[PDB]
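First, one chain by itself in structure tokens, the form deposited in one PDB entry.
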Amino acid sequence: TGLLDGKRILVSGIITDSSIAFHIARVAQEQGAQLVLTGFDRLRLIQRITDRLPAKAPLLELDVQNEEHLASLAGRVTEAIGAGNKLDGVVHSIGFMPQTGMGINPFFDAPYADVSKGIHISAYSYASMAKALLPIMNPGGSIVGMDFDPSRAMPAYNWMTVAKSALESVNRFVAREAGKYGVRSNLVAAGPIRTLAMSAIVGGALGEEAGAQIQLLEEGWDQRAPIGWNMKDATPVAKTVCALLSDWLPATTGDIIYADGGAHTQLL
């Protein structure tokens, strides 16, 4: 009955019940997946939030900048799912960029220390998670990361745009390695969604009238998308990730699927 019935899927990146990762998890459970969740830093909050999911799942700590976390991850996952069992899916839904790299802060004024942290967490970690988890993935499995189309420059997105360009390149190399395991690796380039990162990171860096410029972003996206766009609903994006986690896109890898209402296909 369910799209992901019996599949074992690790989902990273829940911070709140607005997180793209929250809705990926919710939809995957509705579709029968058995999940292992990973969280960063604010584990007490994340435990509270993940209790709003349809079903209980183990929560494991994972700071992608922490070499020890990464080194122990496959073992901790194997403890969570049981020896002899492997993952069928991995979801990377993780990003960060310091305020200097975002918004109205001048592009040239971001120190490399800041950019590097943003790139570590937002791009490099996709390789490092694939490295840790591929040895415990089943053939036919699927690794999915979250992208925002960086093909053209734009206001505010600034150095996160650079990190996503890097992520897209990483994805294609992860696909090379994953292929050896019979595993797919893809990115979902999503339209704008009202998440914590959108409000705290992107919004925080926009200065004043941020709420209006964000309302503006929604209205422009909605206009450009032939099927419209709603920033208040992550479900279409979560369903898309779930399609990639399923057996229904078996010949797609190294690739990007655009869950953006088709906005990137239209000039105006």
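Basically, rigid core = biggest C-alpha set you can superpose within 1.5 Å across the two forms. Residue numbers count along the first chain shown, from 1. What changes on going to the form deposited in another entry:
Of the residues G211, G32, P58, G228, just one CA atom moves 2 angstroms or more between the two forms under rigid-core superposition; it belongs to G211. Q47: CA moves less than 2 Å between the two forms after rigid-core fitting. Once the rigid core is used as the reference frame, the Cα position of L70 differs between the two forms by less than 2 Å.
Core-superposed comparison between the two forms: the Cα of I201 travels 2 Å or more.
Same protein, different form: I have the form deposited in one PDB entry, so give me the form deposited in another entry.
Shown next is a single chain and nothing more.
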């Protein structure tokens, strides 16, 4: 009996097979879920990646900065799952911040137009996606977003950390709205995972020193985590997401669950 058996779930944010969304989708399908996928910009590329999943799923284009994509979303999803059918789950695994606002560029040197784009994509779109999809969600349903613990300032992450603080606040308000549908809203705050932008930094995209900086960060996470942290394994966080998509966290909403090996509960 699959954890997510017979549930219909939207998963956004797949760009590579290292994407956390790829692993969320993989585990969900392994647990019997039937998926609808959305992708940004490179849909042909994305489709080839989604071919590696254990099961087939419709792939829809969704640019969360495009108002016309959002307006048509529920209609396009309903055609994909069949009329008379609704979503039980929604996964928001979308996040972006330009190099000016995340990396090595000084905090003061991020122009607002770049930050505002990061906040649009990483924080506001969580409400946009909930607004668009709630009218086609079943009661008892679950919306999950991806978080990165912003309670303390940290080097490099800069304005993406600020965007995550905003996202945390947005999640609380989305929960108010989603409650009217009998739907939960939560974030999973993950530890660092080697996704595309992180692999690039390690590769020297932002210079030699920065690629060393991230590796030390990842190693200090593992020390701090009482049960350790593997930055090349997205599966543990994908399971936490599926747990929130299940009926086993039925009284948790507007909340943040930490899938970081316990590192945030430890000072050293």
